[PDB]
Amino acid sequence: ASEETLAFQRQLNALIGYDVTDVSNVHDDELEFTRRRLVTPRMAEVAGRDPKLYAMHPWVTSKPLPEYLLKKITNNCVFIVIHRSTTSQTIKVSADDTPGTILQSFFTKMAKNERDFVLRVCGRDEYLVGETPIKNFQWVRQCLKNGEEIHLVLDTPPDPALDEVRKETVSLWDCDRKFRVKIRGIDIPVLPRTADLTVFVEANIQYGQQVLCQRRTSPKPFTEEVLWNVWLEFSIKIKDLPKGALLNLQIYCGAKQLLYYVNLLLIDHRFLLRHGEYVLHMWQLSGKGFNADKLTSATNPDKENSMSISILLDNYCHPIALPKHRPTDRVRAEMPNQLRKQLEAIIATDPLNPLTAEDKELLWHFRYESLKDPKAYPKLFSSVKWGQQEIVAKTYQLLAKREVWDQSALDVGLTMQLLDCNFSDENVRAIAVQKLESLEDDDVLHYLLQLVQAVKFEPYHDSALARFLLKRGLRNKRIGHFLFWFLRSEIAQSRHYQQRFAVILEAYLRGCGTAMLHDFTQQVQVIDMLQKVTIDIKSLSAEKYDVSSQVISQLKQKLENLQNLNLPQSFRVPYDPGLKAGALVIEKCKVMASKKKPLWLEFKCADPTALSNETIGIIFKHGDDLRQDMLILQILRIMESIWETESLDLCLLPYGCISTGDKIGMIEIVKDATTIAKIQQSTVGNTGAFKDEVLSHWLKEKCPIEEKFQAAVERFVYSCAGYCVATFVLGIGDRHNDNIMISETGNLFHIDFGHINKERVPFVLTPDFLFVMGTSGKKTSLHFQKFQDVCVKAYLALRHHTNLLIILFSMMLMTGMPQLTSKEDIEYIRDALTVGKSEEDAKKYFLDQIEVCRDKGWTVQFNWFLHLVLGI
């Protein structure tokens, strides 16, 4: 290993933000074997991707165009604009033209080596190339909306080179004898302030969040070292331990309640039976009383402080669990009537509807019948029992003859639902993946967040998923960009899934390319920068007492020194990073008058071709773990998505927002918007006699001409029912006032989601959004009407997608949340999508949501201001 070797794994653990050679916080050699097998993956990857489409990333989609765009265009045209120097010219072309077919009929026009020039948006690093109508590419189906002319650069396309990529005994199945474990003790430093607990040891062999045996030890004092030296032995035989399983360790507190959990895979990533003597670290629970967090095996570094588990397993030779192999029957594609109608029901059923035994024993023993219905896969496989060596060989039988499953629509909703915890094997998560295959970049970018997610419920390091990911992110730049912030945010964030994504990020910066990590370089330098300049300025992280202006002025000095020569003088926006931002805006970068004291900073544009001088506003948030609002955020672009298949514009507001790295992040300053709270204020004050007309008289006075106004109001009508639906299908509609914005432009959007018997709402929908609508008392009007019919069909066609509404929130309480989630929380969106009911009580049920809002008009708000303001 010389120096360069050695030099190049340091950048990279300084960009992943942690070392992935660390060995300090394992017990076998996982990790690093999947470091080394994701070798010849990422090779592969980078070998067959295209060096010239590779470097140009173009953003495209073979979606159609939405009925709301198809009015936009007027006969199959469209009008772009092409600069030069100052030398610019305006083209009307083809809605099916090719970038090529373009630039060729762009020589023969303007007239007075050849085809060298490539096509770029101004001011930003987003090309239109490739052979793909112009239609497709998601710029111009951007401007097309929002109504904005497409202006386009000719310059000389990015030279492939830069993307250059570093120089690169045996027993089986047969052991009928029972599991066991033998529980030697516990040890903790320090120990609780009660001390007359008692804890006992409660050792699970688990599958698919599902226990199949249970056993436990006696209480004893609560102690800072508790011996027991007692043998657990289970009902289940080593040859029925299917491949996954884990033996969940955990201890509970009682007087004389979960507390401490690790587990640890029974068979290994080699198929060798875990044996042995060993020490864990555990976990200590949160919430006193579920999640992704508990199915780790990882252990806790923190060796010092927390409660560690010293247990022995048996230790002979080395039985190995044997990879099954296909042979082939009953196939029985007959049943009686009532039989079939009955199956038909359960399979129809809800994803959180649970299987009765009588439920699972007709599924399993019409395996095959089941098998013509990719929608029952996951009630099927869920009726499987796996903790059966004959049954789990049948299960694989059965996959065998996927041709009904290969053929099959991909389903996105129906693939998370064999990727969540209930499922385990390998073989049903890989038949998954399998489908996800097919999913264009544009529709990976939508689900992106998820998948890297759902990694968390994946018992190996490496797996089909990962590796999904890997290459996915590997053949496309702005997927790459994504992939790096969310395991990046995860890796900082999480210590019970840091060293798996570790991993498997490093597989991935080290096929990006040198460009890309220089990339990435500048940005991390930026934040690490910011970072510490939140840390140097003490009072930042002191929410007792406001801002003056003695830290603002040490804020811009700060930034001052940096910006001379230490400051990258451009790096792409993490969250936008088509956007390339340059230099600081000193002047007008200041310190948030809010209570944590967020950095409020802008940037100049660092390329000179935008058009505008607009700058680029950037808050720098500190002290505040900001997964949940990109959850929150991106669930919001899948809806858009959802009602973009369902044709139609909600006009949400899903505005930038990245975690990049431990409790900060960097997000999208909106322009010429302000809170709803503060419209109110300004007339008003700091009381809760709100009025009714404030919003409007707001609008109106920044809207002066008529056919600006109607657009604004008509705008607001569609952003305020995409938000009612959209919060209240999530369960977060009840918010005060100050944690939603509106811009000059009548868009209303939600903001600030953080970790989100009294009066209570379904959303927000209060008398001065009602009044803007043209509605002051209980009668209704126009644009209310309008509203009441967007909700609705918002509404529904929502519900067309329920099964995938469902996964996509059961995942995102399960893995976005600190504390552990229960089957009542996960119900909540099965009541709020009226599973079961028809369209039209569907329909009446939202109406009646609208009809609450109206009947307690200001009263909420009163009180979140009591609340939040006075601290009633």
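Positions refer to the first chain, counted from 1. The term rigid core refers to the most C-alpha atoms you can superpose between the two forms while keeping them within 1.5 Å. First, how it differs from the form deposited in another entry.
- With the core fitted between these two forms, just one of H801, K663, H697, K239 shows a Cα displacement of at least 2 Å, namely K663.
- Superposed on the core, the two forms differ at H622: its CA moves 2 Å or more between these two forms.
- Once the rigid core is used as the reference frame, the Cα position of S541 differs between these two forms by 2 Å or more.
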Second form
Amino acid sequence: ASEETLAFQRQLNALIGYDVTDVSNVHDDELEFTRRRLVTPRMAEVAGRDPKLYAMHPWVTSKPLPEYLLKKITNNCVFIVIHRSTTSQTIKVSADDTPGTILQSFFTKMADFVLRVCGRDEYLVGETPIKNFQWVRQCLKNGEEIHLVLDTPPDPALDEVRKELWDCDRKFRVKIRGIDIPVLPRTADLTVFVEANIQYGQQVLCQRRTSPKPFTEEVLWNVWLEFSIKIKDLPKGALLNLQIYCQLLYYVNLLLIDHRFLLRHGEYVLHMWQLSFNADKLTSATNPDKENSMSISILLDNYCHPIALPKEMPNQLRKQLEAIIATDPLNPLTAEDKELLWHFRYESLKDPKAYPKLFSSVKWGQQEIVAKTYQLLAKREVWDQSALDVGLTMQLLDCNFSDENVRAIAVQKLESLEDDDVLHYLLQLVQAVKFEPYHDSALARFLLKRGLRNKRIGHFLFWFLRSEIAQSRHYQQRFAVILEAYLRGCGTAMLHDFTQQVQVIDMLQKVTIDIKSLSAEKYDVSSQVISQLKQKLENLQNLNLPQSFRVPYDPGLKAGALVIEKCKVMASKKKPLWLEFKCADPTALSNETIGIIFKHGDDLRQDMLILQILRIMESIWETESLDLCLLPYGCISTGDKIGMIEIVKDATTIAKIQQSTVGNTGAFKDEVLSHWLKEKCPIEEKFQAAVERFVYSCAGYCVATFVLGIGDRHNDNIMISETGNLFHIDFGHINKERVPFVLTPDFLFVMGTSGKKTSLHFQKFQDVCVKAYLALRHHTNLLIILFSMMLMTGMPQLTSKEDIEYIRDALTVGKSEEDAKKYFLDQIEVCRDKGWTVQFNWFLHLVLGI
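What's the form deposited in another entry like, now that we've got the form deposited in one PDB entry?
There are no partners or other molecules in what follows, just the one chain.
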């Protein structure tokens, strides 16, 4: 109430990018209600987290040491280098030593502090073997030395937190007064009607319409729509989905039972959303644009105040039930399916992998059945004792499930995840909040909790939520609330860092878009815009631009001043900015700059989402002991059609390589690529390792790009580094010739296949591909749900079942390893037939605008 907290709220909203306090666009107090109930889990988390380990955010894994890593360590002994002001000595110890033992034994080698990584804010502290430290492992895989500088621990005082019924059997019914819209489309003579639906888990319980009338600024009806489902049957989380067809054009939703288990009555003037299926169609939020959006007026039974108060087998038949429990996640169920599935509730409760199927066979539209379902969840021994399955858990948090308890059990198994895992899945869990029927939920609380309990998670949770608040008006309110609750308990240091980051970004957002303004339809990096570019950075770098700030996609990296010289404007289409900074950390064991790219034009949430499935993929290969050398570079969506991207050093586009050894034409030489790498690394040893890198990097992207359904793209959207690593890029948007994945002649060439014959490295390729293509099939269900969620919360279009199903054909579900093994190796053949065919077509399409 004072001026203190008042100003505090002011800045909080500036970091969120939305005024959470705002109450102009709401028909109830669910938001504020949610802000208050979060205050508890927040404070409860702040108090329970050790200030020390928290301030140092140790990054560890309790997973085994992979086969490819176990291969490098020589008899439980690793070499590390410790630094201290010019002084540098190497000490080899067992991979099982504790960071304390590394110090205790240190003091007794040469005649209070902590071991940090040189150039990064990464501390190796805690009761864990040095082998369980991600950094340590990263160095091993890349075959790099482990240089650590001994300095003083960060004062855990910098993370200080500031001062703090079922008897109304009457049928349900709702009256539609009329829809209103200030202006209508040019093409007149239209017909429209209101379709009122009783939704739940995306399935329709009941449906009613109105008499189709001509389309005009005002279209009254004053018609009562009486449904069938009794008020006693309305389940918590049911939505009254009101829609309008002309084709569906506008839609709006409203929870029938509020956050207090009360019914909904009274008059309502809901401002609808327009349609350009997907997460947005499910939002309870109303459209803020009240001066241009279509509105609708309704009325709910002005009754009293109802309150939904809180609560042997024929062997052969079995074989039938099982055939369902073993059915892929995409194949729907039939009448008999659910009926047969339901009847044997307790028998289907013995196998976890059946829950998704079982719970979707429930008639939530019947109060009786719901009550029984909960009786089932009473004895969850079989579930609570089951081993966590992220795949399965996810399946319960999608659009198909709107029941609190059901979803709550999924969230309940997530609690079992260690910080390392929470980070692999963070993006998808954050996107899953969109399927929650209320703003306050088990999942919303779980993200808050885990964010406040670890700085890394908290860091990415900030950015992920922030991207949705800045771009999504459908969910920003709910997300603005979840963020606030996080910024109110992350500490004063993090609160400060986020400020520096937001500041730097906002200042670079202006340039990025102000520079693109000059020439857009014709890529011509003017000689004047070059001087005008460096010049703008000059104004910013004056004293308003934060000297130092953490790189959003790589929190451990601290960026300093801008190396204005190396900064430029890429001669691309959307004219992105190529910036470079110095590493703010003076203990950095190098001088290399930090490259960051700012682009406008492409939706960077897609790239974000895509790069994340990749991380998961690499992780999956880790379990099956495999390394494909993917390079999922950092990418963060910051706002509408804009964000940053990590810059991979010593890397070039595969097209530019052909456009230099040949020219700006479509004639592609097969030996060009190899000639490039050879002259890049004269040292035979490097070239010998660079060629093998390609073999793996190339294979790795071929499988991932295929399963994801994005293997067919131009040559310019693909890169290779001077170390031989090939990696795809720019995932903005993605009768004729087609190809499964890019495996051009110049690639095969570098593998030995100078023509259409087998080779040494080439055989290694096919061996690794198939090998990785199988490692992913073991996680078919996990990929299905991910690919499925990604399309519902990452694609502007109204993706359908046909869209998701592709993932099922790519993974060849229902087949044996043999059939699948050959299937993949044949796709590799489809590429051997096209050769340069496809690439040449992409050249005619993009370059020649044909």
